[PDB]
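Just the one chain here, the form deposited without the ligand, laid out as structure tokens.
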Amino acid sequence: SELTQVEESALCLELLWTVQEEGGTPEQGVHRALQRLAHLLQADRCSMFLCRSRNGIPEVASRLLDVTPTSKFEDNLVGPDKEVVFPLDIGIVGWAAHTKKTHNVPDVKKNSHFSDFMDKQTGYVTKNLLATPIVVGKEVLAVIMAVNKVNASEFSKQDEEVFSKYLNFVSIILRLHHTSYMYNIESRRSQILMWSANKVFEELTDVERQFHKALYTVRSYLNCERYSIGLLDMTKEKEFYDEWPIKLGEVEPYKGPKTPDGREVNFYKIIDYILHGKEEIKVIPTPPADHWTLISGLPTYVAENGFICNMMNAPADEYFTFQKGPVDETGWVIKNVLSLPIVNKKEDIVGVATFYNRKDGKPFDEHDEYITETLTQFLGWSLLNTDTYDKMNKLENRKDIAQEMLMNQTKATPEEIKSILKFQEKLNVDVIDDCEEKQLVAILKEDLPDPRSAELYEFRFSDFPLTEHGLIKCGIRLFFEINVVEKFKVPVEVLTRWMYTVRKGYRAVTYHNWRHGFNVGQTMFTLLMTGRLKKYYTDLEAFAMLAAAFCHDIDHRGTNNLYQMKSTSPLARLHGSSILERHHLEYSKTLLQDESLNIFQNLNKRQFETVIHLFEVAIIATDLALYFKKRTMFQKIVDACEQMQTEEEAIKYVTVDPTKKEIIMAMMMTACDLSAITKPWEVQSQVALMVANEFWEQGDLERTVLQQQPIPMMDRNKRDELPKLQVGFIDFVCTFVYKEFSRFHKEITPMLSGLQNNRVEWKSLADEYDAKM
């Protein structure tokens, strides 16, 4: 038997070499192994039945039948269309796969596990059987059988030993093929997830576009001949006027298919992907019940129950009434179907994805269900991106509506403009404005207050004997005074509407109302003109600087930045640093965006960029922390400018560096913002009382809603500390600005002088308080 062992070893070696031929199939190697085992144990019609798992239940199917020595492989192979499928609970094969052990039955009639369906199918008689499952990794791959020993009535142990020895190598070849197949499956799954993530995060879009992108991209990896997706209507509740006939009994209530959460099964859109030929893709909005996807009840069943339906030989089913013949005029017959639901976060059914027969003839295994379930889970999760897209659209529309309503409320009506630009009482012209611009300029310049009167040019100006309409008129006069309306050809009616809207934007708070904004604008005007600082800036810069000074405190609520941070205001969440200053800048630019309010309407684009940048610098500069940070740099600039003995050379030193101009502008806006401390004693006393009252209201409100103890500056109970505290404000904040501006320019000397006078008076009240104790 030396030759026998040599031949057996050589044959097993060749059987193992057959796995190395690339482009072949493992079934060829299994077939040659089966023909050699039969030759070895003297048997006929050796068979291999593969094992599959569909719908979570395992089954066996025919892969190799009637294997005999010297038999053609192509004839012994069984195609997917002729295979016979047995559940595990029926047949000897099913029990062999269930037990995962060797089963040798000598007399098949003595076993209740016998199934004669194959005996009747081909008219073959079976009397002896030896079956073994191929189990690696606690999973069954195939069941191998030898049947009807020709020269004996029984399979002995030695036969079973040879059986085990050869299907050890068969198990090796099946393990190799299975590992390759599972690697391919996981590669396809990872590619599907990768591409779906690429397409979902590409753009924020609706359900239809996003799902179409993802599905058309993973098209190559579904490996199906044809598939479709039908989206349900997600409208859960009806309108009242559509519910009236239901509640009146006029129209009978609905009876039919219903989604599990309670909605009506209404496929409102179908997207068909044809892949068998021409790669056609169709979108059916409001598809009929005659649609080939919906002709069977499977998509409606999935919408009604949320199951995953794997069907092999679909037209043979009696429940769903699938199409037995071709679906379309082109020849395509539905063979295997896999339908899965797409599920929202709240477990609602959003769509139904249906995948039709595979590219190869094989049915849908458990791995195809795995891949398609991962895809549907990914789509159900990307539904959050779709919902966020819709919520963003609603928020943007609501913000636009609110801003338009607010602009309509804030903007000056034509009647309010008519109270300043009296076009009719002076030109006898109707409401429609066909007047020349120069005529409007001429008749406005006669109704505005005299700049030389009312001390608009002086630092001692007090707005107390002026009403707020007078303040608007004076501000338009100030804009006329720096000679920018004619130079930059801005419209007069636009300027009047802009200033009236700016006045209306200031709230009715105690101190930060429209009078504060006008006082700061007027102080900017006096610093430019009386203070001789206009020599450092062009006319456009003065225009933007005055316009920024007037709007520096627009829409002030009477609470400082600390209250915005502590109360977690929407302003604090939108703007991180310089909360109120950024709010004022944003609202001023929003006012400038409207064409009827755009005071910078007729200037160049570069001029507009410069004006916007100057607006930002000037408005943000009113944050006192920024002033405390850049005061040293201003001091260094002033020290450098002091040493030059020629005015022109100092002007040249400042002008050629835009950074120096911006620094000087920021402290000019800071000096304007604190100008009330430089007013005469009565004006300063009244304004300081107003400021203290506003701070006390903020402190009381802070204590009421924030449950926090206010600082003594904002605390009402420390009102008798108002004098002494005031001198600290004089000694800590304002004195640096006004001393450096007096050093820089002698014409700003009166401001500081006024401050010093106030420092006397607030001392006289302070010492008296120490005498009161």
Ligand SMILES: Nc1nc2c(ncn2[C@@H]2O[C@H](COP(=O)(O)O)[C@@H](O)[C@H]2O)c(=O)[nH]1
Given for the second form:
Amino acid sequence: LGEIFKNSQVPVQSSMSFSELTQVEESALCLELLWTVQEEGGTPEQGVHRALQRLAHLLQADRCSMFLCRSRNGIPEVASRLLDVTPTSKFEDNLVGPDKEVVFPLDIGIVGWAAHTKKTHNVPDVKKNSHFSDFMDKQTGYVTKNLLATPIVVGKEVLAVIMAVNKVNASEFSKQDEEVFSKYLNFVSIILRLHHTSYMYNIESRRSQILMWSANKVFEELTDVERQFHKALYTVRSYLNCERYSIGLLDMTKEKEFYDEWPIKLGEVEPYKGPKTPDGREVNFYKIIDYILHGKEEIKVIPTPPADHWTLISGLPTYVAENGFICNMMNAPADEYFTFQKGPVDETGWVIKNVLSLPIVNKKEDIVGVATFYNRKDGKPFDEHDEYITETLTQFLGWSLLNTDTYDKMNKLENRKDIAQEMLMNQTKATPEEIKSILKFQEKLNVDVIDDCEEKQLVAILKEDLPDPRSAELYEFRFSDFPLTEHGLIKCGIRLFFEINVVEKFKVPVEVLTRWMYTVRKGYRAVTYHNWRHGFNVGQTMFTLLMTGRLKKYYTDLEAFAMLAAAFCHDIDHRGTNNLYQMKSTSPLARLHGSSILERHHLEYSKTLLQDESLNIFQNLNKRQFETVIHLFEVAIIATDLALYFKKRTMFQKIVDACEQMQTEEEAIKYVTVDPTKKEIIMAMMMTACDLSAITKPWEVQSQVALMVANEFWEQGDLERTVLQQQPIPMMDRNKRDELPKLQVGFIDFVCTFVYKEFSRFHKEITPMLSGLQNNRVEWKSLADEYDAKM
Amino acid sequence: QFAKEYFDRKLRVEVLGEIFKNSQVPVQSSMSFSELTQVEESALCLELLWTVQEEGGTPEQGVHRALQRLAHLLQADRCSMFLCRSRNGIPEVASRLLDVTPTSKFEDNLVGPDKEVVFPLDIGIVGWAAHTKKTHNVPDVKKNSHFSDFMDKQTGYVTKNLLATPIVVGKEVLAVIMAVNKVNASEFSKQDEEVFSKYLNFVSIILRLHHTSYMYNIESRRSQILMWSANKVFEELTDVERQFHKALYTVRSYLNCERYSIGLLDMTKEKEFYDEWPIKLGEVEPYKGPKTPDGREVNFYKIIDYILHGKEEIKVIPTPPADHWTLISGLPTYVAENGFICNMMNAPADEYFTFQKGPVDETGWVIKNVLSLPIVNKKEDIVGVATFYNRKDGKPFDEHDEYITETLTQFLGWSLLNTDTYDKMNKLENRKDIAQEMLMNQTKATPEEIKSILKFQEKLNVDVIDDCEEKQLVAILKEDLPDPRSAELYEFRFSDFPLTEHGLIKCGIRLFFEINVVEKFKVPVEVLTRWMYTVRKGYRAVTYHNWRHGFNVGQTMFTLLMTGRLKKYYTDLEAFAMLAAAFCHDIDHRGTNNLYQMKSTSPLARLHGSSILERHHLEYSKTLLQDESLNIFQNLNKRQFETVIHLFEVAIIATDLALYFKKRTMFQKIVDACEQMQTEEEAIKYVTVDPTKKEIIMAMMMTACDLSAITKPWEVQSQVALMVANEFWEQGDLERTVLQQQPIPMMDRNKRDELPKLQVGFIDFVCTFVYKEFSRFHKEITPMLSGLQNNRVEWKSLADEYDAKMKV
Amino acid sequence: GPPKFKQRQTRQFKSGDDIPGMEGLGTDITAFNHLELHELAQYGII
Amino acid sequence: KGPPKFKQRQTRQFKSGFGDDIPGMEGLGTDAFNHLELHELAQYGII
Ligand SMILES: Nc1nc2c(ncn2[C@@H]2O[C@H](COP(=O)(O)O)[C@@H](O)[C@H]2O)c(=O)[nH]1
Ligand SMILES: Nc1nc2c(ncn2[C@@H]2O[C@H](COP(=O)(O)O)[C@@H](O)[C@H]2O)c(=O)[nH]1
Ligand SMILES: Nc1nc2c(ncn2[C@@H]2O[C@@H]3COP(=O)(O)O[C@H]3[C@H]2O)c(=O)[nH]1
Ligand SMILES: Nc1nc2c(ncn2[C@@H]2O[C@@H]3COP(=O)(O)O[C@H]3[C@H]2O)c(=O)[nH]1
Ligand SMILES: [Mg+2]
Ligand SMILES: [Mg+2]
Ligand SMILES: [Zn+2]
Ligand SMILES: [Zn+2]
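Can you return the structure of this protein in the form solved in complex with the ligand rather than the form deposited without the ligand?
Full complex below, order starting with the chain above.
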């Protein structure tokens, strides 16, 4: 006993010294314990088991144990992982499966107090501590009279609590035992830190993959809530890692129709009583999407599910819809409140073990759906990490609800635009009475309202009811529309279309042509100057240029057809305000079209008119010819913008100079025709000349037209002053009315003179136009100088 | 004796504590690993065990401690550590610890990023060791085929023997450990390799801990970048610039870069014809220069800079010059041209790219590392180039940072759906507004049409402006309008056949004047006339649902309110709104039933789920009322206007027959309750107390007015039934030709002779209930029902003739 | 010459016939007396 | 019995909303003739 004093005896055999051998064997065993973690394919539980066996051997204790720490619903708890670990014990028998664990909340149990305090706790007598619990002792029939537990804390977080119980050869765990425990559990802490870091990396990788795939599927196509949610969930199937999960979508109709409210207010039907979302809507799951992953990988959709549906049999989805909480539940059927299915859920042997239900939340914090995730692939209950992943997924879906709403708004806007355009086309299109007012088939052919007459007969009868082209000076630059009514202008326009020999050549219908002419007239508004009279004047000027000006030799019949049509439709639906007011007033036209707002609007409207089969004047020509006509139409209408003409003046001048040096007309025709760009430039200049042709009219017509233009510009300036609070330019200012002559002189010297000078140089037959302009300028000078005399 | 180690086993706890405490702190020095007793070897193992337990710090300290331990265990010198990296999918090895010697301080051994030496895996035996992931032990390295002498030339130190073992975790190599120039001997030793491996086990443990922590950190950064980008993208719809700026600025804390910028390319693919003219004519030479794979010119139209190294500023340069510090080097243009992910370390050292070799903003910031990535469409078309400059840590960009930024740019490229959708939304909204404005201009009555009715110019001699008081206009209009007694507007037997449509407009304005609402609510006369003419023009030219049907329905309601004495339950404002809704209950009727709208999938059917045409009429009436010129409800309070709008909705929606069929029973109950009241005033109070009762009665009045043609005399009824039959036959023809479906017997022309019988089946099924209940409610509506019965008899007679015609 | 650079990675996330159950997801569809059920359809009321 | 306690939604993490608080957004939403024409052209309102 105590007779011989303590000494570090040298064994000579099998050992140099007791302490030296102890240190050597301890170092070797610790090295092997560290190498355990490097053995890929194993688990940290095996290393912890080896460490606990060594600790039990060294401390002369019994039944070493480990309790892992979880966090559910925001509260921590512990669960036994390794129990009754003793020296020379099998790992498989010692490990506790997820279905046999005992869960302790932090507030009960010595394990709970150790985890909460994050410090070593050594209790010599369990009966003297209020934190001791008898749950495990009564469950397993084991008596404990000594405890020593230190938590495994890394990163200010507890992973496990490891204890030793009932020292066999003593009644107390001394301080040295506590120190040895602390160091060995530091090594176990290294192992558990490695494991926890790997688990964190896997969790974050799963979360990032979920976000990638949800973003890829959401931005793939703009669809509704159901299809988008189905795509996202079906894609992130693998990364959820759940045996089975579902999503239920609630109805979003926050208000009832007035005819469904009468029985409620009259008392015929009792008021609704039952679950309600925080917004106040009745909890009505209108669709359930079930994803089956345990076997056969089934996916099913239940529209208007019954209350007998296995997802809704328990009250958890309805509870989530009512409250909006995140519900984490372990051993759900054992719970009394929610009444889960204790037995098999369906015909196959599947039972509900753990449930995780989260709500999908709109921008307005409304509840759009409830996503319920059932038992995990492994037997372990849902941790805080699974809650993190599923919460991120549900937040992403609630955000993509914006894309769903935008798709719905897209559909509504498209439908409203289609309805408005159709109604506008119905209003604008010429009525059959208006067509009959021109194509008098009833009073001349003796036929019923229904048209079954031959096209040639229609051409022949219409050609006898149109104004004579030689009379009314339709071929002359002096043509004045003042003595003609608008119906006469329509008739003259149809006659102009007939005179170039394109109705018979391209087999355009007579009724279609008349309807198109009348619709084009009705498209022009009732503004002072940019009305149907201006459109017909431009069309007649283009016809004069093509026929009298001998420019038709540069263009084919189809091209001339396009020129006449675009000249007639060059100013369609003009509101009376130029591009500057469109930009300054932030009109929808300016927001839709960037450059040449009015020209692009006219082109779009005229192409819309040509799209309809009842107005398509180019109905019977080839596809390539139609594409050519559309391109010609675009060029002609866009060229009417005077900025483009100002930019291309020099190009046209170069073309004219090149053509002037040739002594043979055939050579000039060959030079122009072979290059489509030259034809397009000449066409743009022709359109500009047609638009400005009002200047070249005789003096009375020019004076009246200039007065009309001035009256339109003054109205625009007054409206700009009223609604834009800006001072108009002197040209558009009404108070500068007496300044009208001088300005016009400038307009002749700045814009119009170049076009007609270059056209007179290019073609001598267009000489009168320029001449007329000069005469008009002289007259305006006589009005400007008088103003200087009036001053 | 007789007690062998038992007492020692009892006291072993104190010994373990003592040895742990007294061997944790002190550091032991020993040589050659073979002149060492097991005790000090165990103590060394405990030292390195403690060193593994970092408890905070950096892995390089523990690696260096282990390296010097190995240096004085192997009798070698100048041990080294090479960290393996990956750039552009190419693995490389850099030097992290150089010339590790026993009793050598750690600071001198560490190699900063500035002075690191990088070897490709095809250069040096370190490269082969990292490639094969196997232990290599080479003497006489000058005779080896893999040895590279570049480091020896750089440092002036000769090597003769070496033993390099790569550190590999998870099939990935992290570092290569070298021991060189064994002293007093050559060839190393097999036991030297064994101890090398058994301590590189400690080194691998440390490296595995550090690598797992780093991988977790980068994955967390990627996940948070994804979260923040998704949160900012889904906030609202916006164009490319603002969306990209929000997404890139919100994640500035997770991108460990001192500076980074984004440059956006011009998206215009084709040019206008007038811009193409100079090129085609040859006056301007064709553009030669950088071009994206899609063929567009490489033009950066806007650049956003994010400066984070000093004072945080976000410079936005619209149309940046080529002098901009991002574009002076060719990297952004190279990325725009090719679309490769470019990782550049030591950027100024490169020759192809003219990166600035000094400070760029006069703030002392010098470009060291660059990472440039392209952003693509769904069509694999480049939209922008994102350039991330030198890393915060100073180390060159590796595969992990490339992963993070590549995921960010992939998300940004996917996010362009919300920009294309934004542009489409703007275009669709603008086109809808333009179409509605032009439709309203086409539909609204011209001033000439107003002057036709309101002849102010012929009685006040103004002829120019409506500068007169409202009393003058009222007096002028009252004389012109027809007298209600002369035109039989009050009678139930009124027929619109003699009158013209202009006469119908005049009679409608007269009806509005009769109920005394123009004067009380101060409805402008010109506004009222314009609204009436606009409502007339809104009705299409269909056979039955034309302006005449709307006028007949309005006049029937006027008769019910005045002659039928049903105005007792309704106030003046309710009667006004009710008449206005009656006149517009069938506005803009295409000429088809709701079933045709549903089957044909018309835009109306997709826009409105149920009661399609009725909701369309209500929406169009509200659109008419929105215009100030057409708004007869101008001078009304907000509450009164809300009441009028509610009455409009109820009336126009209840116009349909399915709702009436579903709600017949409540009207029957109301009539039954009112029938038992002993006094008229009690019934009036009972009806007027509950608003729902008034709404039900008004809906039933809508239904009665809508079918009023049945109660007209036989001459009117025959023509009206012929019109309705013609409309239904036209719809049936449309269904047969377009929808390729056989129509119901009513809409089939072949069942034309069956029109009488069906009308009988109509009269006793839909109209008889409502008219009988109204007759029971008010005896003044007794003639209507009476007339209905007479009409039925006539139809019955015709049916009998049919029964004869097919009997023979 | 330019250094060798990494090509763009698109196959991994490149990836509804593929997604089962989408056929019954595009549109969702939800009263009178016994005799009225046929007469209403006869007259086109519904 | 009472329902088990459940965690509340972490709306505080991303509560933030959209606006111009991001620096540099004020200039981010939106982005030819002869000398004599510069004034005469604008005086006629042609441009
Ligand atoms: N001062 C003046 N300007 C005119 C005259 N004729 C046309 N313009 C200008 O030329 C423009 C032609 O545009 P468009 O007719 O294609 O809409 C007009 O809007 C107007 O600004 C005119 O006789 N006098
Ligand atoms: N068989 C038959 N149906 C009618 C008659 N008058 C109206 N209807 C039906 O009742 C509907 C009333 O709704 P509304 O079209 O007037 O808004 C008509 O569309 C039509 O279906 C009729 O005289 N005979
Ligand atoms: N059967 C058994 N019970 C244990 C073991 N370790 C702890 N316990 C008991 O489980 C109990 C859990 O709560 P306590 O910490 O209060 O007390 C604990 C011990 O009484 C063990 O290894 N085996
Ligand atoms: N001067 C010096 N060279 C070293 C050191 N460690 C390795 N090297 C050498 O750097 C070289 C890099 O390429 P090698 O692998 O072929 O061979 C390596 C060694 O020869 C060291 O600590 N100091
Ligand atoms: Mg124009
Ligand atoms: Mg209707
Ligand atoms: Zn014009
Ligand atoms: Zn009707």
